[PDB]
Amino acid sequence: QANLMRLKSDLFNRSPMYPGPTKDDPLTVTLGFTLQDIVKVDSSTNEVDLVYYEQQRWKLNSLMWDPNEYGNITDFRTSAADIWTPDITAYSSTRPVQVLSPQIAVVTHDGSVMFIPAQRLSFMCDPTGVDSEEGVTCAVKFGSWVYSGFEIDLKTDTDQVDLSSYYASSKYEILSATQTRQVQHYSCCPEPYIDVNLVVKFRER
Amino acid sequence: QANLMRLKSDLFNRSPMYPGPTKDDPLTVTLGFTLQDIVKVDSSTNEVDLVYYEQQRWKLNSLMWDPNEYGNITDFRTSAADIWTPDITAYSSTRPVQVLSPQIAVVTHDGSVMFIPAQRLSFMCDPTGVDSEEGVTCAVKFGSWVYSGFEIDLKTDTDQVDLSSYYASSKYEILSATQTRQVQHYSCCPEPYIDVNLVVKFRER
Amino acid sequence: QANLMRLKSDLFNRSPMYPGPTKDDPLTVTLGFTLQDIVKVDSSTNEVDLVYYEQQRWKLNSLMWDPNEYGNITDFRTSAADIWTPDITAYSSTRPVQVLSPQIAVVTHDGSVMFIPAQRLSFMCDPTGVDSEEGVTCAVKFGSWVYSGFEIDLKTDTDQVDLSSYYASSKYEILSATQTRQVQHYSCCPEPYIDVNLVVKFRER
Amino acid sequence: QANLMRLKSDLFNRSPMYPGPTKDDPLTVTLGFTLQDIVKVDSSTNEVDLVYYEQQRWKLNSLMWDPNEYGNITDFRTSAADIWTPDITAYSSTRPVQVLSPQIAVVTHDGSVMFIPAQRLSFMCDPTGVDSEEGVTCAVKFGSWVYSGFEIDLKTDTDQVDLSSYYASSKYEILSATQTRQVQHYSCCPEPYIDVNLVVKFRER
Amino acid sequence: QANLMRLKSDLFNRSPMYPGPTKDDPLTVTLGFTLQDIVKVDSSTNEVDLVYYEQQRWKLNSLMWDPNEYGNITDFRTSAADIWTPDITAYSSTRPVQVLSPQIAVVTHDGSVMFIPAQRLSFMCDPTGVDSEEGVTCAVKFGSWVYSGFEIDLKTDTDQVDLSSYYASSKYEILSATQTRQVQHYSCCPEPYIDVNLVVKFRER
Ligand SMILES: C[N@+]1(C[C@H](O)c2ccccc2)[C@@H]2CC[C@H]1C[C@@H](OC(=O)c1ccccc1)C2
Ligand SMILES: C[N@+]1(C[C@H](O)c2ccccc2)[C@@H]2CC[C@H]1C[C@@H](OC(=O)c1ccccc1)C2
Ligand SMILES: C[N@+]1(C[C@H](O)c2ccccc2)[C@@H]2CC[C@H]1C[C@@H](OC(=O)c1ccccc1)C2
Ligand SMILES: C[N@+]1(C[C@H](O)c2ccccc2)[C@@H]2CC[C@H]1C[C@@H](OC(=O)c1ccccc1)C2
Ligand SMILES: C[N@+]1(C[C@H](O)c2ccccc2)[C@@H]2CC[C@H]1C[C@@H](OC(=O)c1ccccc1)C2
Ligand SMILES: [Cl-]
Ligand SMILES: [Cl-]
Ligand SMILES: [Cl-]
Ligand SMILES: [Cl-]
Ligand SMILES: [Cl-]
Ligand SMILES: [Cl-]
Numbered sequence: 001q002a003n004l005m006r007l008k009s010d011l012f013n014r015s016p017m018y019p020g021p022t023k024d025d026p027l028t029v030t031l032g033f034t035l036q037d038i039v040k041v042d043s044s045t046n047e048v049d050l051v052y053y054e055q056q057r058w059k060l061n062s063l064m065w066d067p068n069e070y071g072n073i074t075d076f077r078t079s080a081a082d083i084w085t086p087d088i089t090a091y092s093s094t095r096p097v098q099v100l101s102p103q104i105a106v107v108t109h110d111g112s113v114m115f116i117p118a119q120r121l122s123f124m125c126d127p128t129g130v131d132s133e134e135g136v137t138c139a140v141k142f143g144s145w146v147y148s149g150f151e152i153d154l155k156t157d158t159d160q161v162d163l164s165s166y167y168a169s170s171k172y173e174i175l176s177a178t179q180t181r182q183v184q185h186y187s188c189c190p191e192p193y194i195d196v197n198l199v200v201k202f203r204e205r
Numbered sequence: 001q002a003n004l005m006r007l008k009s010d011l012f013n014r015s016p017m018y019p020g021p022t023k024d025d026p027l028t029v030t031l032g033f034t035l036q037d038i039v040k041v042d043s044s045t046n047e048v049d050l051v052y053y054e055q056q057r058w059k060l061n062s063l064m065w066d067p068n069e070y071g072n073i074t075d076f077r078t079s080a081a082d083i084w085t086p087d088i089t090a091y092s093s094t095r096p097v098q099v100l101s102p103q104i105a106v107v108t109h110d111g112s113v114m115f116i117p118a119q120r121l122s123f124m125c126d127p128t129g130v131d132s133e134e135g136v137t138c139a140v141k142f143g144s145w146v147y148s149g150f151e152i153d154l155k156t157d158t159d160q161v162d163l164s165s166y167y168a169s170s171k172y173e174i175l176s177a178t179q180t181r182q183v184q185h186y187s188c189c190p191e192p193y194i195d196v197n198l199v200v201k202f203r204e205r
Numbered sequence: 001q002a003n004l005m006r007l008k009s010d011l012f013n014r015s016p017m018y019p020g021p022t023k024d025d026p027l028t029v030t031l032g033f034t035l036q037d038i039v040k041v042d043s044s045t046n047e048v049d050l051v052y053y054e055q056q057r058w059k060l061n062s063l064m065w066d067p068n069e070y071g072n073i074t075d076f077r078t079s080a081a082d083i084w085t086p087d088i089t090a091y092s093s094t095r096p097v098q099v100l101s102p103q104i105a106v107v108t109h110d111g112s113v114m115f116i117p118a119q120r121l122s123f124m125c126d127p128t129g130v131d132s133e134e135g136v137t138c139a140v141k142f143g144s145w146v147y148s149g150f151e152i153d154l155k156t157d158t159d160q161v162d163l164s165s166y167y168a169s170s171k172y173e174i175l176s177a178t179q180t181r182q183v184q185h186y187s188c189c190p191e192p193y194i195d196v197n198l199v200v201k202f203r204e205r
Numbered sequence: 001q002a003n004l005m006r007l008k009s010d011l012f013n014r015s016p017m018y019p020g021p022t023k024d025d026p027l028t029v030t031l032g033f034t035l036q037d038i039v040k041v042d043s044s045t046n047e048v049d050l051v052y053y054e055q056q057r058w059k060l061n062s063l064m065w066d067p068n069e070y071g072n073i074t075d076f077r078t079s080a081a082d083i084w085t086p087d088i089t090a091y092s093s094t095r096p097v098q099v100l101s102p103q104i105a106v107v108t109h110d111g112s113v114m115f116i117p118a119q120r121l122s123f124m125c126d127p128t129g130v131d132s133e134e135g136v137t138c139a140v141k142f143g144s145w146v147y148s149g150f151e152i153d154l155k156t157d158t159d160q161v162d163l164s165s166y167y168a169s170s171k172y173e174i175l176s177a178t179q180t181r182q183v184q185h186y187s188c189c190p191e192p193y194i195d196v197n198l199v200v201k202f203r204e205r
Numbered sequence: 001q002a003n004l005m006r007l008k009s010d011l012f013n014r015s016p017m018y019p020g021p022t023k024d025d026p027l028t029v030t031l032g033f034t035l036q037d038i039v040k041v042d043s044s045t046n047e048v049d050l051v052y053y054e055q056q057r058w059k060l061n062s063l064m065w066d067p068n069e070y071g072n073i074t075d076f077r078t079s080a081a082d083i084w085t086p087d088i089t090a091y092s093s094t095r096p097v098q099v100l101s102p103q104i105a106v107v108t109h110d111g112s113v114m115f116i117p118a119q120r121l122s123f124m125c126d127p128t129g130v131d132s133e134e135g136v137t138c139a140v141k142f143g144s145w146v147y148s149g150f151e152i153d154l155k156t157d158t159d160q161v162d163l164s165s166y167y168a169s170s171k172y173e174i175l176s177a178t179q180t181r182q183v184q185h186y187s188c189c190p191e192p193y194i195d196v197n198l199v200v201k202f203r204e205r
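Residue numbers (PDB author numbering), protein chains in the order written: chain D, 1 to 205; chain C, 1 to 205; chain B, 1 to 205; chain E, 1 to 205; chain A, 1 to 205.
Derived from the structure by calculation, the hints contain no laboratory data.
The reader is advised that the hints may include incorrect statements.
Identical chains blur together in the list; that is why a pair holds if it fits in one copy or across any two.
[What the hints assert, rightly or not] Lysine-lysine pairs mimicking DSSO-like chemistry, simulated, CA-CA at most 30 Å apart:
id, residue 1, residue 2
1, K23, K40
2, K201, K59
3, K155, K201
4, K59, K155
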């Protein structure tokens, strides 16, 4: 359709790209995790591998449009390259995250963007006692690597991690999986930094 | 040489790229698998490695042309970068898919496109009992990561996976291989998401 | 160096790139293998690792020039990116080929191009009996992934693989190595596809 | 905000990029290490893997501005690609460094730049005696690969490595971690080269 | 700085890039190796891993300048991408070379260029007898992949490999390390190909 072709150029090729949030014009990114599998556990390096998808959501006034002015188009899909995306990083990874999904995001007329990156992550986790009935607990923090609390804010729609798509025949059972917002102060910086703490209690099936 | 150079310019450099399907202008992608080998089976992580090529076909009105107006050219080969391609993704992969073939597609005057990506896939599968006479059964779903059934529809020309090119001296005998269209409903969204379920039954040779 | 700078500009920057062969403009690519080493044999996955270089050769009328019109220059070296190159692919690889040589080709005034890519290949090969006196035999087909026989034809200057540069202290002895042209018919396509079959009989040193 | 979009334009797109330091216009880069984990130790190759983040800091006159002239903007985040960055390299690495953080730096109105790359490093370290109560000591030098002392100078805000974020359940305890500036002389060059020596004494739990 | 920025524009953005050497305008590249460590020895595949840096040196008339006309600037550092670099390749590698240093070269007013790439190399080497007092000897040839002797010539400033920076606590002692120039003849070509043979005799510590 000719209508959608016009909207994409009337937004991206017509205006310069979003320079990211500022202290004056902050941004709130809504985070959410859907855990798929605990693939590997390396007891000799205390490295644990997770397969999950991360639901990222934010709103930009620069991405708004009137659907009536563009042939009643409410939303559209686009390459994550064509738009600004938050630098949400795992604070205890041991190897670069592996992307398992297409780099496509969906933009809506109200300016809200949704990005659902699937990934394989290796993080610092001591699995001592995973073989027990009680199980072992491990956590990993996610947040911006460069933006403070005054620039990028985080939130979760639920504190419960989505386990509805967890791999039934995994070598590891999930006992609990939690996503909790945290406000931390680091020596580096006078301003606070926000993260979402992914905490999973698991055991050998 | 000169006629083909002109056609490619008029199709890609003159008109804007296809913005993908919409609910109003959907698309049907025909899927098909040609299984080559079951390379590896990791019983400690329940990860199984597949080598296959998936034939994907779709038709675009934006890609039509009159062969008489372009020196009786009926079709041509082009980089998969020069054209829109469907985001068909494996829903239970454990590592990024490895591409084993050139990223070239073949376009025909009727607007039909054919892309046959060869790849190595590691997916979640419990291989317990592969050592038996009966063998073990495993499945993996393929479908769009961002487009719903209202935007991208999937179909198969047959429900029989092409095993004509399966590696005769593989460590694993293929007992059966099936490709079935399935329509799923996810908690995530209020529209159905459709996929192609690849179901293999195999055993040790 | 001024003469060569003019020639390279007048060929590539003056004319649009070669859109690849067609049935009206066919092409014959001469193939040849120089086997260097059989590095690894994985009996649990039936994957064998080769190190070789393949000599690719073709001729383009679009790449012809008068040496007298360009300061008696008969030939020149150029990046494989600056020119069209055939999509010669291994039909039974298990992992993406690893390039071990620079991506440079040599162009001659008659329009003939020579490209000698060195590479490490992992392909489907059952090594059962490599430990015997008789040894084990394995094969791998090479050919275009998208072009038929009426677009790209293949030929060999000899059926005998160059073993003159094979690694003397390899863990595996080559008993024989053959390169044979094959014309194959696939259901997919009304035209015959053509390839070069690399067959190597080898054993433990 | 357009105020920032105009500043990024007037800095980078208006002026040519910084050609790096010279003997006439030198630069001092402030270095600092935050050690996160000692992931593994390979006693058969004497290779040790570290996870840490490097804090890089320098000031450019070409990057300073009056905040009042650009809507009271004191600082901003930007891709490490659109700015010059020092070539600080590990002098005893055994494999290419793996980047674990986004390639974003923060520029301030005074022309001071801060870059905090997180990374996984494999370096030459003999772990003989890591099993003892005394532990083992290892070091790695960091510095410019091309710029000398007269071009790039290095300094540390402290000689103590930040261990505040070290992984509590690591297989290895840190006994001490030091960052010391060194001025060395190499045969290659008549001018002194300067580096920061990362020295860590550790032991297995 | 205003002065260096102008020279970098007048050198690269003014004139077209160097099309490489020809038979009429040859080039002599001076090679030199600084061996850092023998990391690994794989007796089951006869693959040995080296960590070293390779000093490359050549002179181009196209890169000459009058320092007085450019604010008494004698030399400058630049990306290896901005300039032509020789295709010096290891003739017996088993995996792609891993770069361990920044891709920056230093250009001098006389047109002489220096490039010092650090790298990790896996090459064909039978380590049988490394455990003995006598040790084992291994070699690897380095040279152009496309240019003959009549186009690129190689030379060494010394036949002795720099062992001054060899890793003190390496699992392997160097008994001798030699960098000798060789002129050979291959079947492929009527012109002689020239190379530098890196020969290292080593044993277990
Ligand atoms: C969350 N951070 C990492 C944090 O220190 C950390 C590191 C490892 C484990 C747990 C937390 C904090 C802040 C961002 C990110 C990287 C570090 O970043 C910084 O040091 C910083 C960031 C911006 C400007 C100046 C300095 C520290
Ligand atoms: C099928 N999906 C993956 C799902 O997690 C899954 C995993 C394993 C087996 C079967 C389905 C479901 C739906 C499409 C695809 C990607 C995910 O996509 C989404 O959740 C989504 C996509 C677009 C807009 C808003 C949300 C979840
Ligand atoms: C030679 N081909 C691959 C070969 O048959 C093969 C078979 C099994 C596994 C791996 C390679 C054949 C033909 C080209 C190439 C890729 C495949 O291509 C096709 O099926 C095809 C090609 C062009 C248009 C429409 C369909 C099969
Ligand atoms: C520290 N360097 C390496 C050094 O030789 C070394 C190597 C291994 C271990 C420890 C130090 C020194 C100086 C920078 C870096 C690379 C080498 O660089 C050079 O030899 C050089 C640099 C610029 C112009 C001409 C030559 C030597
Ligand atoms: C040294 N070469 C490889 C050589 O055959 C070899 C291969 C393995 C081990 C030792 C030497 C020789 C020459 C360069 C390089 C690549 C090969 O290159 C060629 O065959 C060639 C080069 C230019 C024009 C036409 C053909 C052969
Ligand atoms: Cl693994
Ligand atoms: Cl590992
Ligand atoms: Cl493997
Ligand atoms: Cl290996
Ligand atoms: Cl390793
Ligand atoms: Cl040998």
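Quiz item: Are the CA atoms of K201 and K59 at most 30 Å apart within a copy, between copies, both, or neither?
Solution: Neither. Shortest intra-copy (33 Å) and inter-copy (46 Å) distances fail the 30 Å Cα cut-off.
Quiz item: Between the shortest in-copy and the shortest cross-copy C-alpha distance, which are at most 30 Å for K23 and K40: within, between, both, or neither?
Solution: Answer is neither: 41 Å inside a copy and 40 Å across each miss the 30 Å cutoff.
Self-check item: 30 Å Cα threshold - placement of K155 relative to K59
Solution: within (13 Å within a copy, 35 Å between copies)
Exercise. Using 30 Å as the alpha carbon limit, work out where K155 and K201 are close: within a copy, between copies, both or neither.
Key: within (22 Å within a copy, 40 Å between copies)
Violated hints, in rising order: 1, 2; the structure is consistent with all others.
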